[PDB]
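A single chain comes next, written as structure tokens; it is the form deposited without its partner chain.
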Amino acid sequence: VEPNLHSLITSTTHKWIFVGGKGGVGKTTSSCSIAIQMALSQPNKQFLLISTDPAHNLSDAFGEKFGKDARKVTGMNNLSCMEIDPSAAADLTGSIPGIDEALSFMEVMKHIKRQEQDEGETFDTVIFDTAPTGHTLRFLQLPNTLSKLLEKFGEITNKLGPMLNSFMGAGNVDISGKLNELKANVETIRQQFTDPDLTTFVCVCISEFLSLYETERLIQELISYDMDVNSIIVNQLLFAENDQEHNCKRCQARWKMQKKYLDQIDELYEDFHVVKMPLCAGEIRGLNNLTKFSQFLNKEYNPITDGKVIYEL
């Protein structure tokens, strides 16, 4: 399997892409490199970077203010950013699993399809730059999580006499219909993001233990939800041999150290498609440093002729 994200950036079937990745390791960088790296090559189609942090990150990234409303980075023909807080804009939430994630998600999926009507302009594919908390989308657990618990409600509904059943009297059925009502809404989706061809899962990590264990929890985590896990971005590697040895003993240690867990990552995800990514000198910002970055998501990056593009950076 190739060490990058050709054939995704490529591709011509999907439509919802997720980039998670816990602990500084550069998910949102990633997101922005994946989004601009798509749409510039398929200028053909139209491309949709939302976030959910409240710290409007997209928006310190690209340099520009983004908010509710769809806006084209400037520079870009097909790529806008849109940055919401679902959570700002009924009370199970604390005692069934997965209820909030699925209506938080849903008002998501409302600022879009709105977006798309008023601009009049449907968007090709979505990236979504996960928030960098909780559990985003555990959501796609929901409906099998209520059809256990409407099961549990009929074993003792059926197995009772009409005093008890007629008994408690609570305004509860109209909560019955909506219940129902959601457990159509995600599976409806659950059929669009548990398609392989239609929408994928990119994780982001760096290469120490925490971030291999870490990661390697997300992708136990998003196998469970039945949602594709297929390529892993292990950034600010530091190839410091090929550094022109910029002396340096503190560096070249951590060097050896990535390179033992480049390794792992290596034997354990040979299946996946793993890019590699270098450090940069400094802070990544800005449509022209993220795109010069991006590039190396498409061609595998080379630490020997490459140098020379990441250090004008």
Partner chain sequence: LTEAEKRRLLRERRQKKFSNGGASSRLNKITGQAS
Given for the second form:
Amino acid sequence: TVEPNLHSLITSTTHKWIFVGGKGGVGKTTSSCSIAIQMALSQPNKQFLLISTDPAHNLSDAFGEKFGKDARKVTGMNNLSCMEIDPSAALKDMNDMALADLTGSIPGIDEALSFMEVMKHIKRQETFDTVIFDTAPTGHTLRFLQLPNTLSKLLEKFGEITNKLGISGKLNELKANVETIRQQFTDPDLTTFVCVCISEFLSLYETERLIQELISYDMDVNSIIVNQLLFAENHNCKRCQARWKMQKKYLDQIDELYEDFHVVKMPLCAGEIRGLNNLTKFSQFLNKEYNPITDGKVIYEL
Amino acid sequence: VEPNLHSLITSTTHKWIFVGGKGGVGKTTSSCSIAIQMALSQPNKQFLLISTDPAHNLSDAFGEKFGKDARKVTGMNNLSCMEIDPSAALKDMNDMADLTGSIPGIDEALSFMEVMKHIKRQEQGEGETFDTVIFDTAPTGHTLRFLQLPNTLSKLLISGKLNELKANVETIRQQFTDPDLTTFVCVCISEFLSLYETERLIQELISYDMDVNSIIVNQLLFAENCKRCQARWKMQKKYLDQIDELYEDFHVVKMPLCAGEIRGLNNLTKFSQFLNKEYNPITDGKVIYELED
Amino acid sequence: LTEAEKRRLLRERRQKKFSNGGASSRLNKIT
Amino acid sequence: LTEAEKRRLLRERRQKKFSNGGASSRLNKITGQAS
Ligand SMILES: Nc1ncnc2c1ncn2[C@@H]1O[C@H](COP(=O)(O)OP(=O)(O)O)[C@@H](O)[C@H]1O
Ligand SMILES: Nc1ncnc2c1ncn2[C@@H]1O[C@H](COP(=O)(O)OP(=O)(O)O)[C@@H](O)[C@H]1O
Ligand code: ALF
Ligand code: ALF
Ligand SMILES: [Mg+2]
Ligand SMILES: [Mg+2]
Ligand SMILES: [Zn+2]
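Provide the structure of the form solved in complex with its partner chain, given the form deposited without its partner chain shown above.
The complete assembly is shown below, putting the previous chain first.
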């Protein structure tokens, strides 16, 4: 059967691009920090970068130290770095190196700038060995992941306007770069999308639709983290027991819907999970599955 | 400052009510609840709940299917919902562009067009528009881009029909910056990530001259009246003490974590009462267990 | 089953579940 | 103190908290007090 953990991914020697996504507030940032820590600890000789594409960044807030537009090592890690894409700065730099304010607040500019960052890595490919993306909630991340296509068409159309309105070299460079990205993003050994959800109707239904959308783009998804589980069958109050009954109802559907996926069940801990120490502690259960009987005390150990 | 939204629920001036905050805090749940309360309180008025989250949840919340064209919520006479599918909307305009249907920002562009459409219908005395629109917004970062749009666009700006858009942008900017007409209700949970994000969000909104005077603190345990719950309440209480101080000039509406998800008109209605008359853990405790299916 | 065999099998099974009208069916079973 | 007067007082108070370095001060209060 399908191991209920991310060990295969954590030990992958092929993946270059790992997206962590799903509904708002389900634990994308927490999980993406966790996966990254596990990858860096499991593969000491490789360099990892965790990039936030959520315009409302939380990497700094989760680790409790200051990251920004320039990649920077996580304090206490030899081989993990974080970057929080900064649009103001990014556009300020473009303006200097060649308005930048007014386009700096245009809806879509965040996804545009995030993708541009991907393009820079590709061009240096020809660094970090693997990039993990802590993505924006579902709706806007799908727009980002549509970019390779949206973009090749826009560039084609842009070239048509130019022919009519009397440079081809740069369009081709741009198009070639987009193509490399599309090729890599649709290669199962190079990129995967790990979904995060909670065991509730709104999250489950959104996760299924997200996954269908991803598969239709030929993006790989083989892993789902189900977060914030109560495991109240393992001194639990009336509220916890009723809520766990709900969680189990959806967990049963999840087990059937995603029987072909790694389904990784993670506990709600007795506090928020912040700082390297606590994130690492939590992260162990992505590698070796949480067992409520034996590991139960860890949720109080923050 | 009363710990409820009663003043907003019974307002006779508001046309635009945004509901926003960090992901998963309860924007959709709260916006439904606020909308239900207003519709129940003002039967003579028609309310539209619109989702600007591209990953729509209004249909999932109520358990019936909505779309780009307004449809009344089953069991209400004066509450409707809207969820725009950019690909459909654009196809209808084309009939009346798949490039554009998946361009990042297209969601905020169409949400904005809908607002402009409503403004125009009203200025033109069309008999069937809504009195008040409640926005169930996307999580913080993109909702700020949306709210930045009136100004960003205002700067950016056949050419006549260009300046016709100019005048509409200005009309929206005028209304969004009028505290009688427009307000933004923050939703948060009592945890550091949400707290810090909420304060930054509010500082941005105020810099836009958008009114913010109310905050919903959701998913509260109130455990002082199970070791996990006891420890998590201690955490929530620590941030709750900060919230009380920070937002002492705001309506701070404290909502309980219920013993299940809140879906369907009946359950959302039952939750919503506590936006109008503040929840009392000792008195109303039983209610968190009264959700149906 | 080898490591590589199991990987290809699951890939195919995951794919098969969304093929044809699989996706639409999955949505209905959720709703 | 009528509701109109109170509404106006609260509004002035809210705005003042975000004026004159009060904004950065509020942020420091949140981060400064966090673990
Ligand atoms: N399993 C968990 N147990 C306890 N707290 C959690 C867990 N997963 C996430 N959190 C907390 O819940 C909140 C939302 O998680 P977060 O990673 O910010 O979500 P997302 O990035 O998807 O918005 C944060 O306050 C985080 O500390
Ligand atoms: N006070 C509450 N008690 C129980 N469940 C809640 C409460 N508030 C929200 N929910 C549930 O929590 C999840 C997130 O709420 P939701 O309204 O989708 O969030 P947001 O719209 O901010 O993403 C949903 O499954 C919803 O039913
Ligand atoms: F995850 Al949401 F609105 F559905 F923040
Ligand atoms: F609310 Al988030 F990533 F911080 F969905
Ligand atoms: Mg996050
Ligand atoms: Mg929502
Ligand atoms: Zn409990």
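Positions refer to the first chain, counted from 1. The term rigid core refers to the most C-alpha atoms you can superpose between the two forms while keeping them within 1.5 Å.
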| query | finding |
| --- | --- |
| Rigid-core fit between the two forms, the member of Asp228, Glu107, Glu216, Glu208 whose C-alpha shifts 2 angstroms or more | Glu107 |
| Core fit, then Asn144 C-alpha moves 2 Å or more between the two forms | yes |
